[PDB]
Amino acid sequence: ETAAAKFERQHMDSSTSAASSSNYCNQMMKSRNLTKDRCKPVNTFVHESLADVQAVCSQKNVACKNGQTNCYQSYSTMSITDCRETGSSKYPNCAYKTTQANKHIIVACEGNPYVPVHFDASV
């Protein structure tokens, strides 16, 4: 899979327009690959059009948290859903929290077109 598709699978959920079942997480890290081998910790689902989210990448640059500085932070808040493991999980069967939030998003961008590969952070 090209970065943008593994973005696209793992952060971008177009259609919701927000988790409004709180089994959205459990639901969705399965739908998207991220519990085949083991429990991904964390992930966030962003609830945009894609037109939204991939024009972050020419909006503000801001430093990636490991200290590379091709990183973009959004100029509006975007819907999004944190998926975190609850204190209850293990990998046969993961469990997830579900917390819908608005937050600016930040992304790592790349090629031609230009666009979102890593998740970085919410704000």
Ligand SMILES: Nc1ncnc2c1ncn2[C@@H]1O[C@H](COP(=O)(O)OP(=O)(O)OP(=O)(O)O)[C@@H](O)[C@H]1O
The other form holds:
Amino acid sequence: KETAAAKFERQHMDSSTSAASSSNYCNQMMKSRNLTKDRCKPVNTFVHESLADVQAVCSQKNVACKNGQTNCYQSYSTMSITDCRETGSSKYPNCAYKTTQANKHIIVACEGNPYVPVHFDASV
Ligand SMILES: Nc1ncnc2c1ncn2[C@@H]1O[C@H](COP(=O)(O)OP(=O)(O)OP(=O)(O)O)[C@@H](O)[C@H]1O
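For comparison with the form deposited without the named molecule, produce the structure of the form deposited with the named molecule bound.
Below, the chain from earlier opens the complete complex, with every other chain and molecule after it.
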């Protein structure tokens, strides 16, 4: 089985680009990261920062999670992110996405020893 930490890296980390590469970014990335395999995942965020910087967020500002748990943390600095959101023309297996670039604070849930990001909660 894929670990929850590995799943977070696959679904949410893209350190290779500093921002949204192009208008095609989300279509390519959602496919290549296996996020359109069983259905079109309707929304997903990629973070363009190093793994170390995103793992560091687990010792930053503790905030309530959307599900009511207390294991969420908000980055003190803004981070470069790309939001992918499913379009109207999008029909499985031909999933289609709009690509938005932003610089926002991220909120992740952390678990484990070592204590690492496992879920992306929100950006603010
Ligand atoms: N506070 C939390 N700590 C750990 N896991 C959480 C927390 N809040 C939500 N989750 C997990 O997030 C998931 C809900 O998101 P969903 O399954 O739609 O997307 P995903 O493919 O799991 O990727 P992501 O979790 O990053 O959104 C559930 O698996 C849930 O267990």
